[PDB]
Amino acid sequence: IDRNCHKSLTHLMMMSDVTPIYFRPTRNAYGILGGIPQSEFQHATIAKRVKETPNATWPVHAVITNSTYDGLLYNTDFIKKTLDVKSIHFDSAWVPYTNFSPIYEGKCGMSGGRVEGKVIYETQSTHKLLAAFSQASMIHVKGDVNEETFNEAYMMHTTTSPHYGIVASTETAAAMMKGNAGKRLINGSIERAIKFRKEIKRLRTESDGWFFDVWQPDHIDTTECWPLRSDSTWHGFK
Amino acid sequence: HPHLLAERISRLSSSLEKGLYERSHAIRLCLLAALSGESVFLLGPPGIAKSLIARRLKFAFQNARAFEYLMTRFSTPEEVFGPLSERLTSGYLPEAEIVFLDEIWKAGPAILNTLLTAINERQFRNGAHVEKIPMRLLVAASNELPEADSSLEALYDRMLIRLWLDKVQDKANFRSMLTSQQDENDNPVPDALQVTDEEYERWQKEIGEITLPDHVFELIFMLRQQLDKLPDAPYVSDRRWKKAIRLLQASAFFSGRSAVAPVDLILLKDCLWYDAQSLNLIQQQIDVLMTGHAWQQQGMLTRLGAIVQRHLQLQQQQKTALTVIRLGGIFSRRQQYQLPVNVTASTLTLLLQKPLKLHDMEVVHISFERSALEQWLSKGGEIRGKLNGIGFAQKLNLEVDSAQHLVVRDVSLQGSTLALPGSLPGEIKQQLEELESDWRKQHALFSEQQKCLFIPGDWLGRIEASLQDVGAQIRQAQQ
Ligand SMILES: Nc1ncnc2c1ncn2[C@@H]1O[C@H](COP(=O)(O)OP(=O)(O)O)[C@@H](O)[C@H]1O
Numbered sequence: 240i241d242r243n244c245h246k247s248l249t250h251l252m253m254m255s256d257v258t259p260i261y262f263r264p265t266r267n268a269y270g271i272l273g274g275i276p277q278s279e280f281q282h283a284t285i286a287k288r289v290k291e292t293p294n295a296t297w298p299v300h301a302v303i304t305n306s307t308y309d310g311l312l313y314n315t316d317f318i319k320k321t322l323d324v325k326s327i328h329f330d331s332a333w334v335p336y337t338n339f340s341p342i343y344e345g346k347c348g349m350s351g352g353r354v355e356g357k358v359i360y361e362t363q364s365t366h367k368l369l370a371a372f373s374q375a376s377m378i379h380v381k382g383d384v385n386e387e388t389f390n391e392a393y394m395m396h397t398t399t400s401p402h403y404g405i406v407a408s409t410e411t412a413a414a415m416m417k418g419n420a421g422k423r424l425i426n427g428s429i430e431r432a433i434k435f436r437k438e439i440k441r442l443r444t445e446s447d448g449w450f451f452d453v454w455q456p457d458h459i460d461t462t463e464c465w466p467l468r469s470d471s472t473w474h475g476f477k
Numbered sequence: 003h004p005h006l007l008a009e010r011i012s013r014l015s016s017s018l019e020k021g022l023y024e025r026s027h028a029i030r031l032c033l034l035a036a037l038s039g040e041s042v043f044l045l046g047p048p049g050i051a052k053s054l055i056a057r058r059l060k061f062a063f064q065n066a067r068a069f070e071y072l073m074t075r076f077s078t079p080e081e082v083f084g085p086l087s098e099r100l101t102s103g104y105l106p107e108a109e110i111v112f113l114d115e116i117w118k119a120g121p122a123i124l125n126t127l128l129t130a131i132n133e134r135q136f137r138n139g140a141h142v143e144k145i146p147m148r149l150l151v152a153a154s155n156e157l158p159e160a161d162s163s164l165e166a167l168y169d170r171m172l173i174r175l176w177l178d179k180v181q182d183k184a185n186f187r188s189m190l191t192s193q194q195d196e197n198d199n200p201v202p203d204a205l206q207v208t209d210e211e212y213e214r215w216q217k218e219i220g221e222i223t224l225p226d227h228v229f230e231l232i233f234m235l236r237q238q239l240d241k242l243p244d245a246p247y248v249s250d251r252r253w254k255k256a257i258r259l260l261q262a263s264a265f266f267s268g269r270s271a272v273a274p275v276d277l278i279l280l281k282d283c284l285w286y287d288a289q290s291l292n293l294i295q296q297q298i299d300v301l302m303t304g305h306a307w308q309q310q311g312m313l314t315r316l317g318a319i320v321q322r323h324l325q326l327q328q329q330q333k334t335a336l337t338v339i340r341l342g343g344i345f346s347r348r349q350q351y352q353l354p355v356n357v358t359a360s361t362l363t364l365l366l367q368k369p370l371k372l373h374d375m376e377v378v379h380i381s382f383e384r385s386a387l388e389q390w391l392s393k394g395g396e397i398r399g400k401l402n403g404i405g406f407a408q409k410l411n412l413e414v415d416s417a418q419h420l421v422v423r424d425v426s427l428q429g430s431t432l433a434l435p436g437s442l443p444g445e446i447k448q449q450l451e452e453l454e455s456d457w458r459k460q461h462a463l464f465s466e467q468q469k470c471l472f473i474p475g476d477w478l479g480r481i482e483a484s485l486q487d488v489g490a491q492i493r494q495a496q497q
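From first to last, the protein sequence lines are chains R and Z. When we follow the deposited numbering, the leftmost residue of the first sequence carries the number 240, and every step to the right adds one. For the second sequence, the residue numbers in the deposited numbering are 3 to 87, 98 to 330, 333 to 437, 442 to 497.
A portion of the hints provided could be inaccurate.
Below, a list of computed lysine to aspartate or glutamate pairs in the EDC-like style, where the Cα atoms sit at most 16 Å apart [unchecked claim]:
| id | chain 1 | residue 1 | chain 2 | residue 2 |
| --- | --- | --- | --- | --- |
| 1 | Z | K241 | R | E291 |
| 2 | R | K287 | Z | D244 |
| 3 | Z | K241 | R | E279 |
Source of the hints: derived by calculation from the structure; they are not laboratory data.
Just need the whole structure built from these sequences, with the hints factored in.
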């Protein structure tokens, strides 16, 4: 399990007799937590904390907070090959749109193909950054999972009379995004976000005094995800 | 009988040191490997007394043979073990006891393949079958270091002790060394200190009979996990850990002890590194382990620091009030919790400021029950408490105060804040003497096993300084 976990993930460790292993994500001084380094995914790291911690076997599941609460996507093209876990979980509860745009290919768990011997688990939120009623969520599957016996575990938390008003709005969010008429909402939100980022730098130099600053690189002319390089000073991550 | 063994060994190495100054670590370590069946490796520039130690330890026995050989780039196996006629091995290595091999990092591939079979099994092929070798001490010196990816690393990973010799640096020890009159070819060892062949075969079996205490295993297993946390630490296989147990059991055997002593872990500084980069990493982690987990150095620091923080907290509690804390959780009514370590009795008494007329009588102290106070402050209801420590537990009109106190109401709706009776506080002195007594118990074991001959002298200045640092700090808070 990742260190930057949600309150819902805390009760999960208190109901299952398991031995979790916490990571050490990167961080700066402003409070914005970075991400898990690439050294924590190697083969010499997974089995490193297993022998040191008493009563621990081979990890069969990994929970990765991608993205975090602030919105920082990781690199799934390197985790799906280096991290030797047959059940990698991606907490994509804040990015229900990494598909309807070409600037998100190879950045999430759903982008790409089926990993041999592994499976991708994503619990993308529905009533957070979409358009549906409350108490709605999705479970994405990229590979082979369970359904017959797994349905018994789903009924342990869901009553026998589900509210169809939420189910009808849950599938509606998947239909409002299909087609070119739905893809304009993702690209339109990015264009309005980049325009808002340029208005801050424009009203900063021309102003007479202090002004707000956006945590962004010095070059924002492109329309894509700005990578966090090692020769920059805007991110401040050592 | 076991106590007299440490005195005979101390007198045997006394004559061996006479003639080689600043070389006590290179002579005393070779004696332990000779009486236990181990090896030793030396490293340094040619001319720092590396070949005399192989010819000096032979005088401590009665049937020893020397063999000073120099490996070259064109050396042949027939010139090392003996030329064949079946091999004429008259005074070489298969029948010798102490052999010397200088510049071992330059022999041929056939020589290295024969040196690997004469260590694990003490055997050597002779045309057809093999034969036993009465080898007692194996020493090897050189100058340079081998490659990182070569066939010469198969022999280095099998040796136990890796000595680190260097030229002289002290000026006082160089005056007598520059003009020394002690001969290096005589017999300075007396005839009464030399062991026989019968005593050697008996000591080889009594080494494995040394018991392994549970406190010693907690330090050896922790050191193995500490090296794994550092990626730059040298890789150590399971073969070295099996031979390291015999090294510690043999050190405490000749020191008048029956079990493995925690001080024997100092010899592990020359059994893990392999080059100059890993030399500063092995000696650093062991120094922290010996001054942090051996005699519970850090174990006393985690308890002394809490006393200093507790001493500053009791300054505002020892005029006297009683602050009630709120217990955590999601409950409807605002529940309250008692005091933790401050009060521990069951039928404790509580004082009060302004006296009240309860039950048509005066009272100066009211005692409550600990088993009944925890239930009323959580599940609610009514509290029952006696007056003046006598009578039955009568009911009172006790409620919660805005400033976290206990206001006792009567028939006139009057307030009365309750408080606990008061007494270097007593709690600080009680918790400090228990930690101070543990320091004398750990120092008592160190003030008995320090006479071990197989311990370097430079480590006595760091282990003793670590124990005196905690003692100098624990005696400051009690002033
Ligand atoms: N550091 C030293 N202290 C005292 N004597 C030494 C020292 N180094 C060398 N010697 C003397 O030099 C003589 C020859 O040493 P040698 O075998 O050449 O050393 P190495 O094998 O290191 O070259 C020995 O008899 C020894 O007494």
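Out of the numbered hints, which ones does the structure contradict?
Every hint satisfied by this model.
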